[PDB]
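What follows is the residue order along each chain.
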Amino acid sequence: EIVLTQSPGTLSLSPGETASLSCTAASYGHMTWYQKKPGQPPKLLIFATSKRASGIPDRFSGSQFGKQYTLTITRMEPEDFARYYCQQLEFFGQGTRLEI
Amino acid sequence: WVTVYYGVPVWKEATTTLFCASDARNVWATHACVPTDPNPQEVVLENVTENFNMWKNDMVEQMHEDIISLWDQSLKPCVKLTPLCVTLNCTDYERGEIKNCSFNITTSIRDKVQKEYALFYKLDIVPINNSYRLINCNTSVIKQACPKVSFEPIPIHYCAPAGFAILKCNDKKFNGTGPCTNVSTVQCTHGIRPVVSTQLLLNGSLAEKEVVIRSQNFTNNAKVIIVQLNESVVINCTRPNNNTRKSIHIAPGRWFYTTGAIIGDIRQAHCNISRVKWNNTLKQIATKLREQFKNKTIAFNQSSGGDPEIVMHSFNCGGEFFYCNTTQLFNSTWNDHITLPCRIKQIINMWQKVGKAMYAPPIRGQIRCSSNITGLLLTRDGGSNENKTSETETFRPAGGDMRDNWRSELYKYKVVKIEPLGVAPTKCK
Amino acid sequence: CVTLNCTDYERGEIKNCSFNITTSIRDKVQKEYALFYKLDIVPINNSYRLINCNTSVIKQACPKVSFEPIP
Amino acid sequence: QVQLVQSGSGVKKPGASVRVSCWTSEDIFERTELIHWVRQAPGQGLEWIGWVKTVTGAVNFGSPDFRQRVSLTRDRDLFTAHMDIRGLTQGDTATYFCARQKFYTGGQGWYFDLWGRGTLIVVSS
Amino acid sequence: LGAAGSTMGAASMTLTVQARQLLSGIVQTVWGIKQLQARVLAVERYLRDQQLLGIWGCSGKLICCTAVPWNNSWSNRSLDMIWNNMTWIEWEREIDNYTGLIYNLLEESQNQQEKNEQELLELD
Amino acid sequence: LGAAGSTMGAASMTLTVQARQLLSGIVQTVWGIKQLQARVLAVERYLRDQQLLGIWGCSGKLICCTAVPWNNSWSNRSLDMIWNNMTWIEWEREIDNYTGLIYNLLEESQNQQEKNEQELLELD
Amino acid sequence: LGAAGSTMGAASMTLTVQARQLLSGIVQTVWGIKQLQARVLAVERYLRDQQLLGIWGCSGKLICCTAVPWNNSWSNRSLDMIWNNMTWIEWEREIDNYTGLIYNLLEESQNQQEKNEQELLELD
Ligand SMILES: *[C@@H]1O[C@H](CO)[C@@H](O[C@@H]2O[C@H](CO)[C@@H](O[C@@H]3O[C@H](CO[C@H]4O[C@H](CO)[C@@H](O)[C@H](O)[C@@H]4O)[C@@H](O)[C@H](O[C@H]4O[C@H](CO)[C@@H](O)[C@H](O)[C@@H]4O)[C@@H]3O)[C@H](O)[C@H]2NC(C)=O)[C@H](O)[C@H]1NC(C)=O
Ligand SMILES: *[C@@H]1O[C@H](CO)[C@@H](O[C@@H]2O[C@H](CO)[C@@H](O[C@@H]3O[C@H](CO)[C@@H](O)[C@H](O)[C@@H]3O)[C@H](O)[C@H]2NC(C)=O)[C@H](O)[C@H]1NC(C)=O
Ligand SMILES: *[C@@H]1O[C@H](CO)[C@@H](O[C@@H]2O[C@H](CO)[C@@H](O[C@@H]3O[C@H](CO)[C@@H](O)[C@H](O)[C@@H]3O)[C@H](O)[C@H]2NC(C)=O)[C@H](O)[C@H]1NC(C)=O
Ligand SMILES: *[C@@H]1O[C@H](CO)[C@@H](O[C@@H]2O[C@H](CO)[C@@H](O[C@@H]3O[C@H](CO)[C@@H](O)[C@H](O)[C@@H]3O)[C@H](O)[C@H]2NC(C)=O)[C@H](O)[C@H]1NC(C)=O
Ligand SMILES: *[C@@H]1O[C@H](CO)[C@@H](O[C@@H]2O[C@H](CO)[C@@H](O)[C@H](O)[C@H]2NC(C)=O)[C@H](O)[C@H]1NC(C)=O
Ligand SMILES: *[C@@H]1O[C@H](CO)[C@@H](O[C@@H]2O[C@H](CO)[C@@H](O)[C@H](O)[C@H]2NC(C)=O)[C@H](O)[C@H]1NC(C)=O
Ligand SMILES: *[C@@H]1O[C@H](CO)[C@@H](O[C@@H]2O[C@H](CO)[C@@H](O)[C@H](O)[C@H]2NC(C)=O)[C@H](O)[C@H]1NC(C)=O
Ligand SMILES: *[C@@H]1O[C@H](CO)[C@@H](O[C@@H]2O[C@H](CO)[C@@H](O)[C@H](O)[C@H]2NC(C)=O)[C@H](O)[C@H]1NC(C)=O
Ligand SMILES: *[C@@H]1O[C@H](CO)[C@@H](O[C@@H]2O[C@H](CO)[C@@H](O)[C@H](O)[C@H]2NC(C)=O)[C@H](O)[C@H]1NC(C)=O
Ligand SMILES: *[C@@H]1O[C@H](CO)[C@@H](O)[C@H](O)[C@H]1NC(C)=O
Ligand SMILES: *[C@@H]1O[C@H](CO)[C@@H](O)[C@H](O)[C@H]1NC(C)=O
Ligand SMILES: *[C@@H]1O[C@H](CO)[C@@H](O)[C@H](O)[C@H]1NC(C)=O
Ligand SMILES: *[C@@H]1O[C@H](CO)[C@@H](O)[C@H](O)[C@H]1NC(C)=O
Ligand SMILES: *[C@@H]1O[C@H](CO)[C@@H](O)[C@H](O)[C@H]1NC(C)=O
Ligand SMILES: *[C@@H]1O[C@H](CO)[C@@H](O)[C@H](O)[C@H]1NC(C)=O
Ligand SMILES: *[C@@H]1O[C@H](CO)[C@@H](O)[C@H](O)[C@H]1NC(C)=O
Ligand SMILES: *[C@@H]1O[C@H](CO)[C@@H](O)[C@H](O)[C@H]1NC(C)=O
Ligand SMILES: *[C@@H]1O[C@H](CO)[C@@H](O)[C@H](O)[C@H]1NC(C)=O
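Line order of the protein sequences matches chains L, A, D, H, B, F and E. The first sequence runs 1 to 27, 30 to 91, 96 to 106 under the deposited numbering. The second sequence runs 35 to 58, 66 to 134, 150 to 184, 188 to 310, 313 to 323, 323A, 324 to 355, 357 to 397, 413 to 463, 463A to 463C, 464 to 502 under the deposited numbering. The third sequence runs 126 to 134, 150 to 184, 188 to 214 under the deposited numbering. The fourth sequence runs 1 to 35, 35A, 36 to 52, 52A to 52B, 53 to 82, 82A to 82C, 83 to 100, 100A to 100F, 101 to 113 under the deposited numbering. The fifth sequence runs 523 to 550, 569 to 664 under the deposited numbering. The sixth sequence runs 523 to 550, 569 to 664 under the deposited numbering. The seventh sequence runs 523 to 550, 569 to 664 under the deposited numbering.
Possibly wrong hints are sitting among the right ones.
Straight-line alpha carbon distances no greater than 25 Å define the calculated DSS-like cross-link-like pairs of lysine-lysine that follow [what the hints assert, rightly or not]:
(1) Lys574(F) - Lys574(B)
(2) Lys655(B) - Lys574(E)
(3) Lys53(L) - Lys282(A)
(4) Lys490(A) - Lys574(B)
(5) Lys155(D) - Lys168(A)
(6) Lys655(F) - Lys655(E)
(7) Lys69(L) - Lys282(A)
Beta-carbon label-pair distances, calculated as ranges [unchecked claim]:
(8) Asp74(H) - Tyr177(D): 45 to 55 Å
(9) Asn644(F) - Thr639(B): 25 to 35 Å
(10) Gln82(A) - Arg54(L): 45 to 55 Å
Worth flagging that the hints you see were computed from the coordinates, not collected in a lab. For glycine and all other residues, C-beta sits at the position ideal for the given N, C-alpha and C.
Let the sequences and hints guide you as you build the complete structure.
Right, dumping it as structure tokens:
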């Protein structure tokens, strides 16, 4: 069983527009989101409870209401064109990347 | 018209310090507690339900602070080991579990310092040649328990202050969370004996019909699941040897005690638990765990971790500290006596408090212990992203947090405050 | 509470006793003397120890504290 | 973004062991409930390795291979933790990271609030 | 608290029947410290409630008359609608949003206004 | 306690005359600790007695009316037989075996039954 | 204490209006010790005043009737002379020299004599 999966995986973006990413997982429950740039550890963006993490200037948010969670990325700012991952306790998604 | 009433049977969740009460100094110096009422019967509140949460319940936190405080109050004035923290020259007398070590002791309440010897366990020794230091003769302070002070758990009752009440959940198989539909109230809780153990819980209350398992979040592997049996599994434990004790003068008013001699031959401490009851117990637990996890094969895979206080099963016996090999118990798997070598330690890192430790005095052999074995503290072993390969859940023994031992009993209680005033409309002058 | 070398000054009820004192709030320990009663002395030669310089703890009353019974 | 201090990078021969340390400030250490370790091999997503509990030294693992080859320990006097990996293979080349979780209740999930910079462990001929 | 299991209408007698306070009085070295503090708290809570009854023009009564009409702007229910079916636990859930208003009104109408009239009657 | 020297009949006036409580109120670091505890105890005892008077339908009165007939099954004496000759100290020796019964009866007849009737009168 | 700014005549209403006690109840490890002692003191002061009202034949009233005539041997003033112009702060300055006499008189006339008459009325 693949407990946690992530998609679209590869996203073709146009800065100024808002992007969205999502994860689905077995047994539901809360799930977090993180993002990284090459050479760095990932930063927390979204708390498992969908609360925004400190240090983020109100760019990322989302909701569940199912086994799925979806968040949006405000204006597709290039500053956030990081590799994104979901986490559900011991499981991670394979991640996604935002590209222009 | 607003009519004023007094004596209105309502309450709200509230936190307040609970009063200590007894059935009638050691550690549990309950002579300082107020004896409970005779026939301390409860009141069943028909048509009253209440919402409980054993992992939020502050009664556990208060209990935690009392047990620590009492332990320190009783150890505070006792002889220090610290003045003896010197490097010693030691010989080897299963090998050399108990060793005869010696030094030119600089205490002995004298200027004319002298050679003296003592018998210590290897378990408390850090090699430093054949020289050594004790494990807490480093950056920590060691005090010895007073020879006059026993631990003596004693059942302790906690009582609401007047103006407060304790609501008890009597709803069969309640898991400590959410609404309880069988609620009754008392001024005081039943008496709960302090239990000092890891991995397996000792005598305490049992489940009503079948083993029940409780968790704040069963899918969160960082949490420990508490398993409450509906029957006990008795175990006997001994130290089948004889010994003597010797004193060292540390301070003019204080003596330190070590083993003076090994009498008869040397034999390992061990426990003997019914094999049938144990095997049935794990099958019952696995059955209920399967319901919690729907339908996976469940295995018990021994303990793992670092420190032996967590890895080995531990318990107090009289004033003695036992660590036992439960690898012989947490075995096998289901998808439908036993002898445990043990070790005796003298230096105890109680409460896992950094910078402090207690030294236990000798009991001169003949240790005889027993317990009921009423429950397990378990954690799940793992899981990770996998390419749809296989399954089977496994569990291991857990411990080190005394609040779970208390929580395993306190889960049935909630503290509320009584608010006797209120109004309602009628008609009046 | 050290062993001291003492002389005899009804005989020698009050005696001048001495030792290389290891307190004196210093590393450079020194000889010092004091006058004590024989009544508080256990012979240990002419050496001795005090009666409670054995298995008991001795504290001195603060010089600023009187007893003063008071009704 | 508080950083944790890790042991450095290096190359090991197959069968070798590596000591991966992670030190932090005394308050950062004390406010942490769990120390997590993760692995990110080049081209791979993030793999959870396991955790060690900050008070007891208790552990949990992702893969059973880590359960057998990786020892996760803690030291409360030093305000450190370690990941001792034995039996290294070329398949274990990855950046290894230490991170810490400040979260303690049910319903919260697992967190990486604090991070080290990662260490690159290379295993080769 | 046995009375908690029934309606507030039933409690027109069971409040009275229950009667007994479970607060201070008749119901009433780390452990020594905690016990002393618990005793002090029971006293403080007891007196706070008694002082409120006093200021409202009430005394050592289980049931007390007011001089304040019920206001439907708070909660508009028939009397049967609350006395039957509803319990005291349920009832207070709405009153929590009005209690402060109610208490201020009780003080003025039942006690302050009445005592000023009585002083005039005494001098007269 | 000067009144202790006479009969309970004499005390029909000397209880009243004595009046003053010798408990809390108007009469009212190891020593600091003991003094604080003594003060708390005086308060607790005071309130326990006042709460009993309240629950019985009594108030801040030296003499209080009941709604409970005397029961000769407890102690059968003429009134003159107790008020004359006997003192209060002597009297309580028999009452100790009935006090609990008496108190429960006082609560119901004088207060609980009367307050329920008054509520009906208020609504009427 | 806002009422402190006016006359005692004005206070015939402002005492009543003020109403609320600033003592115990509704208003209510070195710091832990001091806080506990402060709480105990508030209770003691509260009860001392309440006990005095009780012994005088007074109850939980802001204004209470006596059975003692004013004595001009203490202070001979017209009523208008005190109620107008003078404040309560000023008034008590003279009463401090008579307060003890007054209190003893209040106890006897309003409570002790009346309670003895009531006992006779109850037996009658
Ligand atoms: C470990 O910790 C995790 C948290 O990290 C807990 O997870 C929560 O578990 C509860 C209980 O299952 C979940 O609550 C459920 O929410 C559902 C809401 O979604 C509905 O509506 C959306 C609309 O888009 C639908 O897509 C979706 O399918 C649902 O329809 C409720 O529906 C659930 O049940 C309720 O409604 C049904 C409707 O018929 C009733 O029949 C039920 O009786 C009930 O009323 C339920 O409320 C909660 O969402 C979980 N959290 C998260 C974040 O997923 C774990 O439970 C916890 N595990 C343990 C063992 O403790
Ligand atoms: C679970 O029950 C056991 C069984 O009672 C409790 O501990 C045991 O209590 C007995 C009490 O008689 C101890 O016996 C001791 O024997 C020595 C022999 O000389 C005597 O001197 C002592 O005064 C005492 O009688 C026995 O050793 C002791 N065993 C242990 C393990 O302490 C046990 O405390 C209960 N545990 C809980 C959590 O309730
Ligand atoms: C309970 O007692 C057992 C004693 O048998 C303790 O663990 C045992 O430790 C020995 C030594 O490491 C293990 O044997 C070793 O096996 C490897 C396998 O390749 C071999 O190479 C070594 O030369 C040696 O033989 C033994 O298997 C192991 N047994 C178990 C059950 O783990 C055990 O730690 C004790 N546990 C507790 C909680 O006290
Ligand atoms: C308790 O934990 C031990 C390990 O710490 C478990 O033993 C391990 O079990 C796995 C699966 O059976 C073994 O893997 C197999 O080894 C054979 C050896 O030729 C191989 O042919 C298979 O393809 C597979 O690799 C593993 O070697 C074994 N490890 C040891 C040290 O024995 C044990 O099963 C656990 N207990 C329970 C009840 O699960
Ligand atoms: C709630 O649980 C209590 C458990 O004590 C049940 O009452 C007990 O019923 C047994 C039956 O023989 C009696 O022997 C006990 O004496 C009863 N307890 C008490 C305190 O009297 C009670 O019936 C349960 N209530 C509900 C609603 O299930
Ligand atoms: C857990 O159970 C297994 C299975 O019975 C034990 O392994 C057996 O140990 C006996 C000991 O003499 C061997 O003769 C068997 O051949 C072993 N079985 C296998 C399949 O190897 C195992 O030792 C038990 N674990 C513990 C700690 O007792
Ligand atoms: C719990 O609720 C039930 C009904 O909701 C109560 O039963 C009522 O009891 C009165 C007592 O005389 C009867 O007149 C009613 O007819 C009963 N109702 C029904 C539907 O039979 C029961 O008493 C409640 N429990 C408590 C403690 O009040
Ligand atoms: C002690 O007892 C004696 C008698 O037993 C009391 O004397 C009585 O006092 C009243 C007071 O008016 C007289 O009327 C009686 O005639 C006296 N009796 C006799 C026999 O002379 C005396 O007062 C008692 N002491 C106290 C404190 O009451
Ligand atoms: C302070 O004193 C002045 C006068 O001494 C008070 O003023 C009086 O207020 C009443 C209120 O209705 C008026 O009727 C009087 O005519 C006012 N007097 C004068 C001379 O104008 C003032 O109120 C006092 N302050 C307080 C707090 O009472
Ligand atoms: C004290 O701690 C240091 C830390 O590494 C250790 O090396 C040393 O052996 C310890 N000494 C004792 C007696 O434990
Ligand atoms: C077990 O916990 C769940 C949590 O939602 C609860 O609904 C259920 O009723 C509990 N079990 C019992 C016996 O109350
Ligand atoms: C578990 O499944 C295996 C599969 O072959 C089976 O052999 C074994 O007997 C099962 N265990 C039980 C208790 O039925
Ligand atoms: C287990 O619990 C029973 C309960 O009565 C008790 O009598 C017994 O001593 C306890 N201990 C053992 C080892 O049976
Ligand atoms: C591994 O992942 C691939 C992804 O498509 C999946 O098709 C395959 O079934 C998975 N596992 C196995 C054992 O085949
Ligand atoms: C201490 O006590 C022992 C007991 O016999 C005695 O022999 C010795 O002389 C004592 N020493 C002093 C200083 O009193
Ligand atoms: C209160 O009224 C509702 C109306 O549907 C009814 O369902 C409920 O059972 C009633 N409760 C009681 C205690 O009569
Ligand atoms: C009470 O009556 C007895 C009867 O003999 C008598 O002896 C006694 O003196 C009387 N006591 C008083 C106080 O009158
Ligand atoms: C009180 O009377 C005196 C008489 O001269 C006057 O001066 C004073 O202002 C008056 N005070 C008030 C408050 O009226």
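Hints the structure fails to honour
2
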